[PDB]
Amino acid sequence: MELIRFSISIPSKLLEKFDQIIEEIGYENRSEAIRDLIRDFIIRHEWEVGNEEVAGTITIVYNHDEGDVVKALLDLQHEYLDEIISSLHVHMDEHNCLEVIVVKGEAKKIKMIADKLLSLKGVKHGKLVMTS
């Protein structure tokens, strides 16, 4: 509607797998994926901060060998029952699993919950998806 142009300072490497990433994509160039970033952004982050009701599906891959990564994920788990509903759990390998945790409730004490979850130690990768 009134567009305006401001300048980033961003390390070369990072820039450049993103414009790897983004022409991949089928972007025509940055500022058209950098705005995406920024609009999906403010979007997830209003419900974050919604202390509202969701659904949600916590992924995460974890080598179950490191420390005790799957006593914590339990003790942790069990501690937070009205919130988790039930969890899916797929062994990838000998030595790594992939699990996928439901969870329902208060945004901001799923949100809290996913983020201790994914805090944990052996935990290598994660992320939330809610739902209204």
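Under this definition, the rigid core comprises the largest set of C-alpha atoms superposing within 1.5 Å between the forms. Residue numbers count along the first chain shown, from 1. Compared with the form deposited in another entry:
- With the core held fixed, the Cα of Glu23 is displaced between the two forms by 2 Å or more.
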Given for the second form:
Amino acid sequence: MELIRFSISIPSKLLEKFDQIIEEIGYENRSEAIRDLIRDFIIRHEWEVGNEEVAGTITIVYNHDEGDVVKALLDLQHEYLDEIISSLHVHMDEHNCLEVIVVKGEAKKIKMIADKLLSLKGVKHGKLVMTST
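Output block for the form deposited in another entry, input the form deposited in one PDB entry:
We keep it simple here and write out only the one chain, dropping partners and molecules.
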């Protein structure tokens, strides 16, 4: 079968905006758009990195009042006291926080941590940045 069809649920608001945009862009339907987002994702998450020694920053944005992301983030970070040096936190508003986490370790292990972070429920957005000093 060339196409697998499925459903996903999204908050009305977040959907309204996504729709307004893919409309400006000229997409005919949501499937084309999401398809591309997935394509681009699959690519960026295949640029496999070895086991070098790197220094990075994991920037994240989340709602501290949502689910239990606040603790999941702390518990998860304390698991790696060796790769995680420090973290800068800026309170964006009543609910949202922006956190930058500085790390150093095996480029492969660092990427694993960043992903375990960005994937937690409650983390709205974020990006990893690695660099060999």
